[PDB]
Amino acid sequence: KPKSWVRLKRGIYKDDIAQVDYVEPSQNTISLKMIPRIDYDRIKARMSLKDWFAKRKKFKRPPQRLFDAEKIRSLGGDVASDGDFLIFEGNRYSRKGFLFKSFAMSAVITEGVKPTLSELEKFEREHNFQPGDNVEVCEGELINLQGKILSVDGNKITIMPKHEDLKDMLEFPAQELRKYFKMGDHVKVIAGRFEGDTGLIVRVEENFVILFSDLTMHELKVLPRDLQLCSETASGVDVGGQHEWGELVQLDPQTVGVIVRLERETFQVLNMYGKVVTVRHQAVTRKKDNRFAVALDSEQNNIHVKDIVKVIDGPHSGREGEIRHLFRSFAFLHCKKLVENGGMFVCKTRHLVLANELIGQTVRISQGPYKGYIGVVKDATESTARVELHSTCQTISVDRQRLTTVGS
Amino acid sequence: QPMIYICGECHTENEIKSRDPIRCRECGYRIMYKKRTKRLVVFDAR
Amino acid sequence: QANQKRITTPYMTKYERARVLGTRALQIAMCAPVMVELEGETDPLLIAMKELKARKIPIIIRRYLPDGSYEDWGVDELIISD
Amino acid sequence: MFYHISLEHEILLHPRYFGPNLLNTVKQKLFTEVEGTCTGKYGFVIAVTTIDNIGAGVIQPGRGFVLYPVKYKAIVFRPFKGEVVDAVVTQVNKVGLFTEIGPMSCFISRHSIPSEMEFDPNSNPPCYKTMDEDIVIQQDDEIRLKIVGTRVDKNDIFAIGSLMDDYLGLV
Amino acid sequence: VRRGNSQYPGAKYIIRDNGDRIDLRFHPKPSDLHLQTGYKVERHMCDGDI
Amino acid sequence: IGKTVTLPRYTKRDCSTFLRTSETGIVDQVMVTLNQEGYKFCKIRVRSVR
Ligand SMILES: [Zn+2]
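As given, the protein sequences belong to chains A, B, C, D, E and F, one line each in that order. Per full-length UniProt numbering, the first sequence runs over residues 274 to 397, 416 to 646, 703 to 755. Heads up: the second sequence begins at 13 in full-length UniProt numbering, then just goes up one per residue. Heads up: the third sequence begins at 46 in full-length UniProt numbering, then just goes up one per residue. Heads up: the fourth sequence begins at 1 in full-length UniProt numbering, then just goes up one per residue. Heads up: the fifth sequence begins at 406 in full-length UniProt numbering, then just goes up one per residue. Per full-length UniProt numbering, the sixth sequence runs over residues 867 to 874, 886 to 927.
Take the hints with a grain of salt, since some may be wrong.
Under 7 Å between C-beta atoms, here's a sample of chain E residues computed to sit facing chain A [as the list claims (entries may be wrong)]:
#1 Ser411
#2 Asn423
#3 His432
Simulated from the structure, these hints should not be mistaken for lab results. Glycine included, each C-beta is placed from N, C-alpha and C at the ideal position.
Take these sequences, add in the hints, and give me the full structure.
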């Protein structure tokens, strides 16, 4: 159908989302508008398309970027104008930047195709009803009645609502069904300006529900249909598992922090200093955790990771936590009773208080009961070494002072 | 680097390089054997 | 079940002895305070055996009857056959 | 809403503390644990009045830790939805008012505030006042706020209040 | 532990209170060999063991 | 038998063949051939004195 999302099977444009323009069954060809893939270096060097195909074996494909006529003009390539479309190398380009091209239906994919949100963003009725949600009967004879979503379906949900003082269950379609909630109750937004968010509603307007996000004290107006009731707390699961909860990151070489909160767009990473700074997903880069690190404390005792300590002095007073990451002069403590900073805080290490070269060589035992025997060192400790004997089919432990390496 | 192998049939020494198809240059025989190592080897006479 | 009448055997079953010794030895190993003189001894099991002989094991056995009721016996209260 | 209940809690005691003061340690750890706990079922926990009893400690197989079930009468503070309660303003700004009820932090939005009160950014201390200026709500004042919303937050419930109803204000 | 996994009447691990396991085969730093009450040692079987 | 495979610490995964655990001996001899499909194919005979 016109204006539908499709994909390609083979070719240099494979795995590229596209939108349909027109379909010609007689000719077995369809027109797809997609993001162009043009190499600027090729234009700069003025290589022929046939030559590019001849040497395509070792040549990398160009990325996806919006077409620009000025860029080619600067690069010296020839650009022709044909009405709205522009002709370049025998191809029609739109003013916006999308590439329109025709391809065979067999090559094109029309089944199991579904674009991604990022792809739709670049190119740029439905219902959300789930079990355990309160809905109202806006239209119909039985109006102003609230029932629970016992079932779910597609175009015709056919829910079995349970109204007040109504044991029996009715039947209502999607259009008649509406999403309404009572005052002072938890609400979650699956889709909206700030999706994956929870809040409490001070009122419910006819079409603009108002809620306050726990993340920040700001008003949020969303469609009541887009709204949902869920007693469960917002999970806030990260997308793509780029970073995990309580994971060290290196925002800057001098400062290292632990991600304490996860959000759809922003991050709240706790740095060594203890303050909270907001960063984005791309900017923050994961840093490995020091599984074995040393530090110092006031008591002058050895302190390791995951050691219960008490903050008798410093930014925090009378605070107990488990070390999760360690720094030369800073340490990250963890807890589950602490509301602030997602249960993770940072305090100074000092303020915290307690609460091989021979391996593989051939050696001759020059002293002791094994004098004269020869073997290969499989693992030698700073004082003793393990020698596998060539003769006795046995590995023995001999003091390293009784060994002499045999030189070739 | 040299990797001298002894051919099974003609018992001839010949170098072989890595990725080189295994075949005696002398007799076209496809079975070869590594030469005895040079590492020091000792045996208590027990 | 009222402890005034406890119809279970006054003797300490071999299973009770084994489990009591094991549990007390585990506690002693994890540094629960000892109840008898520790003179010249470090093995938690031997120490538990000494405590059992001394009748100083600080444990109570709750035996459950088939009925679902139970009887609670001080460890010392039970005859020590073996 | 301040309340008094008898609750039950099970505590694991490491055998290290199996000394003469076992019960004292038990009660001390019970205090350290239950005190200050905020749960969805029982709201916040203010303090612990007394310990009802110390059920017989059971010895967990394979772990010397002894489980003690302890009953104890302790004070709690579980608010609700739709109840006027005294509150203490702690900071005033344009977005909304902030008040405190014991441990629970409540707040007031520009909808919950009646239409009479207005934002006065020029006010050096931000305040909510009407044209008549009869009632001015500043920091530290006592206000009567009908709670509206509640939400568990990392085992710590926070509530949102309102005062749109008649007479709900400073007195 | 000082004997380590090599000397037969030795040990193979040090499971600290945290529950981590300190391998004694791949020689670790001497600091990791430190012992305290809460810890435990996977000592090699010795005579008298049941 | 040090063997490696080209991946789709980089571009190479170890597929070597180790001596059977707890075993010991001396490499009796080595033979190198091509299997039915020309691939290099090595057999190693190891002798242990019992
Ligand atoms: Zn040959």
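Against the structure, the hints come out as follows:
1. Proximity of E/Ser411 to chain A holds as hinted, the smallest CB-CB distance being about 5 Å (cut-off 7 Å).
2. Because the beta carbon of E/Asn423 sits about 5 Å from the nearest beta carbon in chain A, less than 7 Å, this interface hint is met.
3. With a cut of 7 Å, the hint placing E/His432 at the interface with chain A holds, because the nearest CB-to-CB distance is about 6 Å.
Comparing the model with each numbered hint stated earlier shows that all of them hold.
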